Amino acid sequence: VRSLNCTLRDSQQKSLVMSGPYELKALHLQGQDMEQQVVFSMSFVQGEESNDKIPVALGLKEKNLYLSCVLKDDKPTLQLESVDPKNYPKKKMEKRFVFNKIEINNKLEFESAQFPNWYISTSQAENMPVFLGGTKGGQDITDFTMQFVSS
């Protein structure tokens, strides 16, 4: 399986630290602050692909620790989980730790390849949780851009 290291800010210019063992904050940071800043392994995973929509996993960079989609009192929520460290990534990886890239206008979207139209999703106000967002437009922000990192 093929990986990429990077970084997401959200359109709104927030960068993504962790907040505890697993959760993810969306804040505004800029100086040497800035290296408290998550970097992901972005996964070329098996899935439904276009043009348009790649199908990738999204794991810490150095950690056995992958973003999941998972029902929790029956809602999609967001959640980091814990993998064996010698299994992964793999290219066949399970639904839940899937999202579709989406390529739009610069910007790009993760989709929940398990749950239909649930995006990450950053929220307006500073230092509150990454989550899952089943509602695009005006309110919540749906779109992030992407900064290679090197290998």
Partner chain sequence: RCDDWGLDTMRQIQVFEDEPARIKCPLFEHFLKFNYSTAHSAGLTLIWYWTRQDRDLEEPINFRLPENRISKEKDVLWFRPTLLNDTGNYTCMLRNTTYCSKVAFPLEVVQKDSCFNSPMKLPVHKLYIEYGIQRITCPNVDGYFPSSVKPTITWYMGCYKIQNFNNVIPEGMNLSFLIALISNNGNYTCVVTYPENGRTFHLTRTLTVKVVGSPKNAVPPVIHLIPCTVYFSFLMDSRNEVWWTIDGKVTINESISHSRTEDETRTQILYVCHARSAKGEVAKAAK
Second form
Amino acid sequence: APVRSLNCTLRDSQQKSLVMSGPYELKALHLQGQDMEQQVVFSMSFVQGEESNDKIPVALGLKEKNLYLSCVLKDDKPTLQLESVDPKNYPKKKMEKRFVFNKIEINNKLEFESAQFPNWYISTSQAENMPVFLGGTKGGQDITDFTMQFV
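So the form deposited without its partner chain is up there; where is the form solved in complex with its partner chain?
There are no partners or other molecules in what follows, just the one chain.
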């Protein structure tokens, strides 16, 4: 086993869950108990990236959709997308920079910093049924802080 994965569910700090909304796009919203099965189950692959004093390099793939979250430019602006892949090739161990995030996880509160674009983070909006994106601000209008639950 060249890298270890674990299968987790994600929520933001305002308790919104991530569901997949029509493909190539995750949206965050609040869910009722009878639709908890609609949560995007993630696979957190603990890849290799830059040694940091206190961050942990991880790649975020969806589970048997063969999609991985990715960070690229788009009109010269860092943007978050789902790249499709061949599962015989991934989960690699040295993943390309657009796949790797730096996990900051403090008292089980996670935020993932893009390794490609430093000081950019997986953000959700305070609003409902609104797609996950990538932000340039912590502590402001957007939520950058997440909770993890296991499978």
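Positions refer to the first chain, counted from 1. Throughout, rigid core stands for the largest set of C-alpha atoms superposing within 1.5 Å between the two forms.
The only C-alpha among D33, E94, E126, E49 that moves by 2 Å or more between the two forms, given a superposition on the rigid core, is that of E49.
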